[PDB]
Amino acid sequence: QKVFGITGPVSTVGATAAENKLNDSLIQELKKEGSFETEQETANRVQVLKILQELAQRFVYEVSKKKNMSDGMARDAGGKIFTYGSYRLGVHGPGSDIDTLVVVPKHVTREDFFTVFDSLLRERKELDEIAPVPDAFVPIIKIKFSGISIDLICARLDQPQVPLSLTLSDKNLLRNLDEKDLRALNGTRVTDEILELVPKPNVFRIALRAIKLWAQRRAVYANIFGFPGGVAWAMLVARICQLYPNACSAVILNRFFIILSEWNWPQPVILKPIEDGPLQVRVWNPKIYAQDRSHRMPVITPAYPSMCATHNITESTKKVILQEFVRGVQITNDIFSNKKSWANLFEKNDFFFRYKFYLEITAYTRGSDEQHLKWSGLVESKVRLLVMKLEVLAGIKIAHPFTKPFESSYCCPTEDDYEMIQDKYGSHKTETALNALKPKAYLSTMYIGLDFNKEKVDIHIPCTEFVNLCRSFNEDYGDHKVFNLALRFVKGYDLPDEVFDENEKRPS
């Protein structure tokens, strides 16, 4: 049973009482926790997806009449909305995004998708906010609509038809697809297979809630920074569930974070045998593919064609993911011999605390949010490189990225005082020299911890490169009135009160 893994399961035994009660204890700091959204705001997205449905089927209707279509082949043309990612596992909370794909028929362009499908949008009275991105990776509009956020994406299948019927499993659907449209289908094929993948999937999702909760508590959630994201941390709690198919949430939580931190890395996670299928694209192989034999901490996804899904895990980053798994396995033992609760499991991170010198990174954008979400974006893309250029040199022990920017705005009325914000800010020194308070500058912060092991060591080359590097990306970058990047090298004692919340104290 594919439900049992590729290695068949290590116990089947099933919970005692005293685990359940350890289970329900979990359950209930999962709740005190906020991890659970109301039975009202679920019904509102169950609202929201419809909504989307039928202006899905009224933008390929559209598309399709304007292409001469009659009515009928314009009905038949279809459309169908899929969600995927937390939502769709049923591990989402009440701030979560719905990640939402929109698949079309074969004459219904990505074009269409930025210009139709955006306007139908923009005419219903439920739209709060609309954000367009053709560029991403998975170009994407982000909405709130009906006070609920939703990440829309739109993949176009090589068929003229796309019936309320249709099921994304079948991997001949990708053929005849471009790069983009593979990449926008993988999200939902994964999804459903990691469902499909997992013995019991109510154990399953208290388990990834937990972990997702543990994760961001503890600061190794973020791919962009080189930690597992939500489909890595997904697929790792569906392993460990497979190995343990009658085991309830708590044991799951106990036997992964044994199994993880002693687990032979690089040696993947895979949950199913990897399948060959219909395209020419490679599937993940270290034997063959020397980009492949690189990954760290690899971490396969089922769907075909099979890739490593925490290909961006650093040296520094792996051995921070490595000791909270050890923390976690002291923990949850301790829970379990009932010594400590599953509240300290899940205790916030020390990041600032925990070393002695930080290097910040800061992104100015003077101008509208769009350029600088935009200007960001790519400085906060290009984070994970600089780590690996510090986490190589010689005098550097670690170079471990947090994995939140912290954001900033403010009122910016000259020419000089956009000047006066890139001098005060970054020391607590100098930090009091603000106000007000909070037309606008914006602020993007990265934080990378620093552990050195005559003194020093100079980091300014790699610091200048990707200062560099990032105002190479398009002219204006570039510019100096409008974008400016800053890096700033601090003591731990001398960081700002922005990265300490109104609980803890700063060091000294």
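Numbering follows the first chain given and starts at 1. Basically, rigid core = biggest C-alpha set you can superpose within 1.5 Å across the two forms. Compared with the form deposited in another entry:
- Only one candidate in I258, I300, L120, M388 has its Cα displaced by 2 Å or more between these two forms after core superposition: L120.
- Remark: with the core as the superposition reference, the CA shift of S165 between these two forms reaches 2 Å or more.
- Once both forms are fitted on their core, a CA shift of 2 Å or more is seen for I130 between these two forms.
- Superposition of the core reveals a Cα shift of 2 Å or more for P105 between these two forms.
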Contents of the next structure:
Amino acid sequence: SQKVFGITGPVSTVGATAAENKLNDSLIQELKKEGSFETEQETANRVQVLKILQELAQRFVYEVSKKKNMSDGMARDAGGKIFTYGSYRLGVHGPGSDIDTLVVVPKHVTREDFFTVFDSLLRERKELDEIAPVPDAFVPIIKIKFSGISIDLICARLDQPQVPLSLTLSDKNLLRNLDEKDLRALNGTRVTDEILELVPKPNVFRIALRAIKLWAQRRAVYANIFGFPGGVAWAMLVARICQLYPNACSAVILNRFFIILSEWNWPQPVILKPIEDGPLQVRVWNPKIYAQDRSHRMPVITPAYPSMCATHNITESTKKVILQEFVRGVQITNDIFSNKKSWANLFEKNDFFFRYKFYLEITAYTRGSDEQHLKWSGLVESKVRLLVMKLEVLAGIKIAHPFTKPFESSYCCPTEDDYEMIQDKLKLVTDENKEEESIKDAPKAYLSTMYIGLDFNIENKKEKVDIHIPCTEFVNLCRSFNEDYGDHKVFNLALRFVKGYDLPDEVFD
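Swap state to the form deposited in another entry from the form deposited in one PDB entry:
The next block holds one chain only.
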């Protein structure tokens, strides 16, 4: 329409040279080799599950409407519709990707109705492989497996009487009178919906995103919780570049992507359209008004009202890592165009555990249930980011690089002396002896381990600067959160300074 060229108009309208298309085809070839795509069959199986889910959404609404003494024609007209968002919505999902699904219902259909009626309607089916309703998440959701496909299901209820099949959620007004949770549920689809609408060629955009997703995950800079961009972040970033080069191939895009983003005058934010305004008393991203927004280091703003910063977590250290990976990209993709390097080069696994002379090892323990460790450790994990910030600001610390994948492991811990022992360094549970009588019964002890790469300023001081305060603190805050956490009988947290030379063998597996 015009907005497909971004807020600065394109950088160049030039088409792709025959040579550039050759490199683009080889790029897609590599992606295929990496099994990025799925088979026409598996795609067809997702279309089918969704088709059924739509059928169930209508049935859900219809049934609830009837119980409200509605006409046979009105219960039908009340409608009910299914929307997707996430990986599948953008068309960059993979063989094992789940399908994030939003269910929209009229005013008279409540969330309670959702976990009751809709749920029951799901169970009344053969294809239901399993259901894990978690009604109290930040965004109420019902997680299920259907016909061998994972489906995330959240429910949004609009302040209107009907939800027709034609309804699209672009209108800013659909948000009227909604509550925090419903409002939160609409945002996902509204955002992915706009991304696809602000890009010149959605197909060029998809291949380039698959590449960036792969790349980011291999270079260990794809994890929102640790201060790196998440999926939506990476997507908007690719789209901003697709905007700049309307008719280039995905290959030239990845190159311009790395160059521009590494030279970008951060914290100038990246946006796909002019930040809008509106009704709701809700805050919109605005660094002039809100301090919290003035501190975002690399802002990537969502286009759908109300605009938020998808990269809030980024710190000064992860910021450096990200620039570093961008630079390595300028260098490698420039080589791939000179015929001196290949795409596989670009997608090479990182070497986190080989690059620093020291590391901070954080381990969370749990002598209890699988749900207790998932909770405890899930807390520590989320807080690691705070430590990176306390750490990267002290004396002479050049960087505090948080790795992005904790190391999980549990042991059959029968005694008490066995617990207050496995955390001093006892049969390593395994996918082999997991459901075996003797094992499956045995009480367990879990532990999740995380690392922070450290680089001390090689200035010329007599000695490195002790990081005891920040560490002990991080411990405290992590315990001082719940009464159960500050126990010691079930939960434990330890931090050990480790030289690159003494890293655990499991870290290189």
